[PDB]
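Coming up is one lone chain in structure tokens, specifically the form solved without the named molecule.
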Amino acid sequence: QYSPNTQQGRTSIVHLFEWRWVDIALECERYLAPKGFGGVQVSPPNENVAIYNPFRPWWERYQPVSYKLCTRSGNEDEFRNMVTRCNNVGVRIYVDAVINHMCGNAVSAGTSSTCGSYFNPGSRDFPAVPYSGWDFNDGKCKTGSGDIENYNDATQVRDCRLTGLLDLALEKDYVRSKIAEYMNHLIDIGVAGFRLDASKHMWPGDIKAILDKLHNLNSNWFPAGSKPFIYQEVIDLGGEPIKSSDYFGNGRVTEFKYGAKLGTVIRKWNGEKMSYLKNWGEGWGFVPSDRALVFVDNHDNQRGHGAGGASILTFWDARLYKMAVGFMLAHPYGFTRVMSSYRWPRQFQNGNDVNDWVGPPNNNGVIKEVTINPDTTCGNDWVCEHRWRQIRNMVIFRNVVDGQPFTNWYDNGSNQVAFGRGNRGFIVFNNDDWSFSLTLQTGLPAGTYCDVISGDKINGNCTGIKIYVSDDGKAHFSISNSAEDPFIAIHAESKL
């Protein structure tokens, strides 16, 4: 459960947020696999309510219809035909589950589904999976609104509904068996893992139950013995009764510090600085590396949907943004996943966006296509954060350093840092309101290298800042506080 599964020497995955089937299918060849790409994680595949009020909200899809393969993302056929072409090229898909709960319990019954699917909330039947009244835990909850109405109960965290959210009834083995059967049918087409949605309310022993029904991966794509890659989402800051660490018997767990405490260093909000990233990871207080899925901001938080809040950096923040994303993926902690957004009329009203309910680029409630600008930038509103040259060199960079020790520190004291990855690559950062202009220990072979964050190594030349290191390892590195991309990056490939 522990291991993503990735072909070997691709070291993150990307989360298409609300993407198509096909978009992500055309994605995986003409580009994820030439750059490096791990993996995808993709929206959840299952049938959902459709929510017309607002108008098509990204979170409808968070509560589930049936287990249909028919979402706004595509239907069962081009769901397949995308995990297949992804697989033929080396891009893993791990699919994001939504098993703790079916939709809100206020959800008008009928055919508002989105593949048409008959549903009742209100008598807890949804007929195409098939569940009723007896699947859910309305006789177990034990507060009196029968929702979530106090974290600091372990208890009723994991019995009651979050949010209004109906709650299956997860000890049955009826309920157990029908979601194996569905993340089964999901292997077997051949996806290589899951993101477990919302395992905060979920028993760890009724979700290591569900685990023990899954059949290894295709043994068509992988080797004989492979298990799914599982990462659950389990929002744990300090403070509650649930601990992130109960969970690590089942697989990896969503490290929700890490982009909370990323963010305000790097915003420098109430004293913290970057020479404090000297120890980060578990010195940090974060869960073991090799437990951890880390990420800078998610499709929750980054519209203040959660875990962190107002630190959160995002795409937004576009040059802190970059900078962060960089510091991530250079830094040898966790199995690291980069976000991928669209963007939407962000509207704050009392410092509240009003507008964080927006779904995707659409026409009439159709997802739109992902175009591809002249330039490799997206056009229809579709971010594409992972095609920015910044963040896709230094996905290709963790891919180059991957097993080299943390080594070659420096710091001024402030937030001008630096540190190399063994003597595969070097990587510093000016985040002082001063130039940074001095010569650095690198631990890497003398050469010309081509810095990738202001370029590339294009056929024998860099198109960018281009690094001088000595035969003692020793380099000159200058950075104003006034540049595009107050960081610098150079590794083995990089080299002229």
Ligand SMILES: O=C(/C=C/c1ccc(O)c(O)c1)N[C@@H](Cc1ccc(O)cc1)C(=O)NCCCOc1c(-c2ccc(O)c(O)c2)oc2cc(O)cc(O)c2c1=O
Second form
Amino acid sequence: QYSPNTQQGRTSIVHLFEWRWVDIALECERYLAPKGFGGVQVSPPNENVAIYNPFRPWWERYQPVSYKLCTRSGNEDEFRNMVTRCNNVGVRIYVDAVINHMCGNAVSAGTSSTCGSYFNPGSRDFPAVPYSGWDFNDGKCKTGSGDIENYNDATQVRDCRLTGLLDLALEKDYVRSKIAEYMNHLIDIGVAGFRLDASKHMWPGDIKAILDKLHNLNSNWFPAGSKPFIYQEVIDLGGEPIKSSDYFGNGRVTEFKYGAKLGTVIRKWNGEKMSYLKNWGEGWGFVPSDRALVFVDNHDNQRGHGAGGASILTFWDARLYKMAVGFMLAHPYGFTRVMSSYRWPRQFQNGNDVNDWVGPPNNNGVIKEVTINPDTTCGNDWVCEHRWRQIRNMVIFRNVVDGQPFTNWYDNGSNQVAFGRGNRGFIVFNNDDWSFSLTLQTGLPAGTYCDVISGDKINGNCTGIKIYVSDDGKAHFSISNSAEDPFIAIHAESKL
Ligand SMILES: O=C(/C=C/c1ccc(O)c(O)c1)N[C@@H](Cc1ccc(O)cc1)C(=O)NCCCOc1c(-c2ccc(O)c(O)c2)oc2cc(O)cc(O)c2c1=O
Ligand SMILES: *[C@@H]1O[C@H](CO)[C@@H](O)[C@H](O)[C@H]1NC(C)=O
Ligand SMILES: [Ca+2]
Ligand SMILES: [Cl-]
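Please show me the structure of the same protein in the form solved in complex with the named molecule, now that we have looked at it in the form solved without the named molecule.
All chains and molecules follow, beginning with the one already shown.
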């Protein structure tokens, strides 16, 4: 459950948040395969509540109505077509599995669902599964409200309703079996693994019992005996009894401390600075690298009041964001996920975004296609961070340097830092308010290297900055604090 099942030499996944299946299939073929991406995290592919007040928010997809593969992203045939096409070009699909709960307990009964299935939250009836009142934790939860009230009580966090979401009785074999039926449908279609949503709200042993029912990956594409990659969304910032280490026997865990601390460092909050990153990793209190799924932002916390609050860097902070993503992609800790977002009309009032609910770009609720512009950016309000040169080229950097040790660290005691990855790559950052002009030991063979942040190696030439490495491994780097991107990265495949 710990290995991503990507092709060898592909080292990241991208979250194509709220993309339609047909667009992901095209993206696999036209971009993700040639540019070296390992795979895609898809939005929940199972039927959810259609919420009209407010209008079709992104978070309606975290309120299941059934396990039918029928959503605003597409139907089952479209989902299978995407998985097949992506696997055929060596790009994997990871499903966001929403298995702790069904929908909010106060949602009105009827057929306001993405496939038109009937459901009745008040009577606990989800006949398209089917689930009934016997399948929820109403009787087990001990709180006065029936909801989670106190995170210092690890029992209620698991047995009670997360903000009113009907909480499935995951101890029951019937419920475990319905969830496994859904997940095995997906595995047998060709999915490579799963994000387990809301894992802090599930007992480690109930997750384990579900995972014990799962198939090995589809043997038309994967070697015999391949296990699905499992990454559990456990929000653990310290200071609560539940620790993400309780989940290590099941799979990897999301390390939310990663982006929270990287954001505070790059924003220079509370006296933090990039020179402190020399011991980045477990020395900062993080989970072991081989259990970490890391990221700068995710779909919830890029809206500013998730895990990390206001420290989280996002595409709205483009210059600092590219630097944070670049640091992450260069550094060996963890398995990396890149976010790919849509734009929305962010409107802060008293420090909070009143439009944080807005769903993906749409015409009357129908998600818009992803259009590709001639400069390789996207239209229709899709941000496509994964197509930004500075991010895509760092996804490639991470592939090129895979397995190489962290070495040749330099810092100026402030915010000018650099490090290498064995003899295969080197990266230099200037986050101080002055210039960074210095000769550094790079660990690389002598030659001329293209900076892949300011440009590309194309037709045996560099389109941006060129770096000259001497016989001693040293090279001169100059980065003004006014540069478009105040970091430079070079690697073995950017050498002329
Ligand atoms: O803001 C949201 C949704 C956020 C959200 C959705 C999926 C996630 O994986 C996630 O991490 C956050 N939802 C809105 C509106 C809402 C939706 C449903 C509901 O029952 C109540 C309200 C909201 O304001 N939610 C309250 C704050 C966010 O509280 C939620 C968390 C959450 C946040 C921080 C934590 O430390 C934690 O343990 C859980 O996880 C969810 C998981 C879900 O599967 C579905 C949810 O509705 C939620 C969810 O509401
Ligand atoms: C590189 O650029 C130079 C100058 O534009 C050009 O003469 C040369 O043909 C290009 N390609 C190679 C492989 O040198
Ligand atoms: Ca639960
Ligand atoms: Cl996540």
